[PDB]
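Only one chain is included here, represented as structure tokens and corresponding to the form deposited without ligand HPO.
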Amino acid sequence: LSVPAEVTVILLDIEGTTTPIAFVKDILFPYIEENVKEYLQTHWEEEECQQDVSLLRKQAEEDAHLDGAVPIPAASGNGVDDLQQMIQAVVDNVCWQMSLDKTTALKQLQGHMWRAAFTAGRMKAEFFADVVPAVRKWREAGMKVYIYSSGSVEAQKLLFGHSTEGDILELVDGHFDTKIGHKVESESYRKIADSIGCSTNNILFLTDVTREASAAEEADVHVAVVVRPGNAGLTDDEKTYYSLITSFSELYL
């Protein structure tokens, strides 16, 4: 509710915090499965696509020992029939990776597919209505705003640049993804403070998952747990312990 005087930075989680879980789980990711075949058929000749496929081919070789692993075989020739089979293998492999737990090869192709979806106006990133107005006010009040999500930074930029509220990239000072560390590790938050160029105690982290909130608290970061429609429930003790907010408007600077 009321932010300590020492906070100069607000760090924001995305899923379940600024954006509904339903958008991420039921729209953003399913889009990839629905579109990977068409995307590969359409853009196969693009240098970037050839590079993405090479990365997935290398990853497929590394995963060959796994039960259920889908190989991405060497081509038989270079005719449209050979291409059809190759594309089906890449498609099957992408779907298999997604069906299991998130390799760099998979994320790389996903980011390029989303670039087309968002840039062409096929999809918009959903934000809860209280987010943009509060953020604008926080910045007016001098707060810096950074994002921390397991979603790649490149994908995060697409979400803010094509939101249901228009292009809101200017509302963000910087982005962090798993390259700086995993969200349930306190060391990640110590590195985030270093990257931003502040102290851990200058940060207020808003997130919906308690395991992330507790990791951040262990790093001497201030935390508030955000409750949105569809979030995993909080235990009684958690509701008592953590400062809860159901809207960004509830934060007072």
Contents of the next structure:
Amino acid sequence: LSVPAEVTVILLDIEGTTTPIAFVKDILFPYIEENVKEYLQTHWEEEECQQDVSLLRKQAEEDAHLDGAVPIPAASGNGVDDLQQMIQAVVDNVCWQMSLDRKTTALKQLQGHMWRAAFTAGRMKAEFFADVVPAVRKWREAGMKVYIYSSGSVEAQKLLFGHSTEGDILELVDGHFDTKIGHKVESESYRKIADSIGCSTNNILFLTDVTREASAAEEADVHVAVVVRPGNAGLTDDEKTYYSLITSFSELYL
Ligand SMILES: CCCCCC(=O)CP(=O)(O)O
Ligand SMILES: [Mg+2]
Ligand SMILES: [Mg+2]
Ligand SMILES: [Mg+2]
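For comparison with the form deposited without ligand HPO, provide the form deposited with ligand HPO bound.
Expanding to the full complex; the earlier chain stays at the top.
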């Protein structure tokens, strides 16, 4: 509710915090499965697409031992028939990786390039709860710095903020962090985030919906608040009593 005087930075989780889970789980990711074949068919000749498929082929070779693994065999030729077969293999491999929650760099890389087309072309918009932007603006007016921490790549994060239901709000963010800085349930990740930002762990207030993230940040001597939004995983009675909860960014007083 009332931020400690020592806080100078607000670190924000995305899914379940600034953005509903429904958008991420039922819109953002399913979009990939629905568009990967069309995307590959249309942009196969692109140097970037060729590089993406190259990475996916390498990954497919490394997963060859896994049961149910989908191979991306060497093309049979360079005719349109051979290409159709190739494309199907890549599509099948991508969907397979997504069915299990395998978030490899090869997969994330292609997803990011596909999302760039979706958001830039205005086919999709990143959903933010109505209280987010106004609160963030006031926070910044009060001198607070604002950073984002999500498992989604920074490149993908920028697309979300650049094409939100609130328009382009990239300027409201001072920086982004993804799994490169470490995993969200590891306290060490938060100590590094403080280092990258250029502050102390105690100058940070992290807002997240998952308690496993909250407890990891607390262990890193970071201040935390648990955000409750529609569709979020329930909190235990003890967690509801232990953590400071907020149902809106407006509930935070500086
Ligand atoms: C661009 C990808 C989706 C990002 C939504 C996420 O926040 C997931 P996570 O809960 O791993 O931080
Ligand atoms: Mg979350
Ligand atoms: Mg440090
Ligand atoms: Mg202290």
